[PDB]
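**Student:** Each chain, letter by letter, is given below.
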Amino acid sequence: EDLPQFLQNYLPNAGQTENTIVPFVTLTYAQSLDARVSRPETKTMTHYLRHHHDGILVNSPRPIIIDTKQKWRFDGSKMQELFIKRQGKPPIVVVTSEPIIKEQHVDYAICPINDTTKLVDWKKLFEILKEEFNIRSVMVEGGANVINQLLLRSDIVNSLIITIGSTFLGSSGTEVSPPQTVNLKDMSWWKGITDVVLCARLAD
Amino acid sequence: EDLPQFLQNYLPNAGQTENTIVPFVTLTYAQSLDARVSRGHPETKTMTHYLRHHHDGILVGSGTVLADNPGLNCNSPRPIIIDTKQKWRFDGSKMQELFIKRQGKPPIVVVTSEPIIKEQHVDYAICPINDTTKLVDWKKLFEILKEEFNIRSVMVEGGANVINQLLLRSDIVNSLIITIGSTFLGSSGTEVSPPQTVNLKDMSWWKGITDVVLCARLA
Ligand SMILES: NC(=O)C1=CN([C@@H]2O[C@H](COP(=O)(O)OP(=O)(O)OC[C@H]3O[C@@H](n4cnc5c(N)ncnc54)[C@H](OP(=O)(O)O)[C@@H]3O)[C@@H](O)[C@H]2O)C=CC1
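In order, the protein sequences belong to chains B and A. Read in order, the letters of the first sequence are residues 8 to 46, 57 to 75, 98 to 243 in the entry's author numbering. Read in order, the letters of the second sequence are residues 8 to 47, 56 to 89, 98 to 242 in the entry's author numbering.
If we strip away everything but chain B, and leave its shape as in the complex, we get:
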């Protein structure tokens, strides 16, 4: 439809991160009016987006998983079923240390922890993804926890793509809301019938 023409200027631009060690990073999610991501007609856009990124963090993109605590498992996942049926890629799993036992077909990005933050060094992580795993572009889709952090990272994020659904999920839903104010620039809105989509960049 006209929706790709709408997205076009916000997709990875190759000459932009070429000759840099950082990948293109887009932040994308779907929220209700009350800014909640949990507790149509979106699916076309999301799939289109996915097929314009090398990696997707949560041809066909490679799944990337944050799992520093090392509880997650590829064996017996839906993602593994898709992979076996030749319609999906195996994951890259972000860890802090080399796992004692590893899984067949799984890659492990060993990424250091930022000394100031309690959490993981995002810029480092994305560099590892690009330099070690040839991920030239990544679409991060979720962890409201993850969204909330990266909203603060204008030195990292390149595109912001938000779908807003014409509904209220309720106050106990998990919210996306950065801990400080965040300004946008180069915004562009699209309107559907029940949805609206925002494309933008992060100022600074």
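Keep in mind the hints are simulated off the structure, nothing from the lab. Every residue gets a Cβ at the ideal spot worked out from N, C-alpha and C, and that includes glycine. Honestly, I wouldn't trust all of these hints.
Claimed, not checked - Beta-carbon label-pair distances, calculated as ranges:
no., chain 1, residue 1, chain 2, residue 2, range
1, A, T220, B, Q143, 41 to 47 Å
2, B, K141, A, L10, 55 to 61 Å
3, A, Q109, B, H64, 42 to 48 Å
4, A, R240, B, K141, 53 to 59 Å
5, B, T61, A, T61, 49 to 55 Å
6, B, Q15, A, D146, 29 to 35 Å
7, A, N184, B, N16, 55 to 61 Å
8, A, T220, B, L121, 30 to 36 Å
9, B, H64, A, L10, 30 to 36 Å
10, A, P218, B, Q15, 37 to 43 Å
11, A, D9, B, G209, 31 to 37 Å
With chain B's structure known, arrange chain A with the ligand on it following the hints.
**Tutor:** For chain A with the ligand alone, kept in the frame of chain B given last:
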């Protein structure tokens, strides 16, 4: 502009022909992307005045009048203030100054008991409390406003606390009109989000340059 035609069906006198004992109520407010109305834009201002000029009354909770000391004006609508603790003072407010300058009407103040200190030119709406919620009965309040003060239609600009309640009342709210700006106020700002899921119907969107507006009705 295309904004009046976008709003047309959602205004009080697209409510058509029947008389009602409850006034036409629209719930309307401007939020950040993270659903915040406060901190922790051009074109919105004109629409807001346009909306105001089409309502008999404009309702805000206390706090809204205590944070901003708002004019609530636009001939123009009667300000209606929910202040059951009787802590707001018309005397020396922006609203008084507008009233003294013939640019605004004096306010109706909603209380739950006999007003202790009555200010000149102010009207007091003594409304029953909802025994179930312990708060003021919204339905009775709106009916009193229509019966005792001749308010045929009311625009609640809110207070998040008021919007969070009223978002649940499909039996009261006739229209919902929300402006979403493309910024984040941050989690410390005061949010509008109801305690339970709310479904909408008859929704239509309007997109401006940096903002978008939703008109809808409560399912
Ligand atoms: N940018 C925008 O479009 C909007 C901005 N805002 C702003 O954001 C802020 C939000 O307001 P907020 O702090 O949530 O509070 P509110 O302005 O909604 O008012 C809260 C108070 O009003 C009284 N009240 C509300 N409902 C009842 C009831 N059913 N019975 C009795 N009393 C009731 C209570 O007063 P009490 O218990 O003290 O007697 C309550 O504590 C305000 O500053 C407002 O101006 C709000 C809406 C939209």
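**Student:** Range hint 55 to 61 Å: satisfied by the CB atoms of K141 (chain B) and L10 (chain A)?
**Tutor:** holds (59 Å)
**Student:** With respect to the beta-carbon atoms only, verify the hint that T220 (chain A) and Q143 (chain B) lie 41 to 47 Å apart.
**Tutor:** Given range 41 to 47 Å: holds, Cβ gap about 42 Å.
**Student:** Please test the hint of 37 to 43 Å on the beta carbon pair from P218 (chain A) and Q15 (chain B).
**Tutor:** Distance hint for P218 (chain A), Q15 (chain B) holds at roughly 41 Å.
**Student:** Would you say the C-beta atoms of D9 (chain A) and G209 (chain B) sit inside 31 to 37 Å of each other?
**Tutor:** holds (33 Å)
**Student:** Does the Cβ distance between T61 (chain B) and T61 (chain A) fall inside 49 to 55 Å?
**Tutor:** Since the Cβ atoms of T61 (chain B) and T61 (chain A) sit about 35 Å apart, the hinted range of 49 to 55 Å is violated.
**Student:** Indicate whether the distance between the beta carbons of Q15 (chain B) and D146 (chain A) respects the range 29 to 35 Å.
**Tutor:** Since the Cβ atoms of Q15 (chain B) and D146 (chain A) sit about 57 Å apart, the hinted range of 29 to 35 Å is violated.
**Student:** Measuring from beta carbon to beta carbon, are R240 (chain A) and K141 (chain B) in 53 to 59 Å?
**Tutor:** holds (55 Å)
**Student:** Do the beta carbons of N184 (chain A) and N16 (chain B) sit within 55 to 61 Å of each other?
**Tutor:** Violated: the Cβ-Cβ distance is about 40 Å, outside 55 to 61 Å.
**Student:** Using the Cβ atoms, figure out if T220 (chain A) sits within 30 to 36 Å of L121 (chain B).
**Tutor:** Since the Cβ atoms of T220 (chain A) and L121 (chain B) sit about 31 Å apart, the hinted range of 30 to 36 Å holds.
**Student:** Taking the beta carbons of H64 (chain B) and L10 (chain A), is their distance inside 30 to 36 Å?
**Tutor:** holds (34 Å)
**Student:** Taking 42 to 48 Å as the stated bounds, is the beta-carbon spacing between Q109 (chain A) and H64 (chain B) within them?
**Tutor:** violated (58 Å)
The structure fails to meet hints 3, 5, 6, 7 from the earlier list, while all remaining hints are met.
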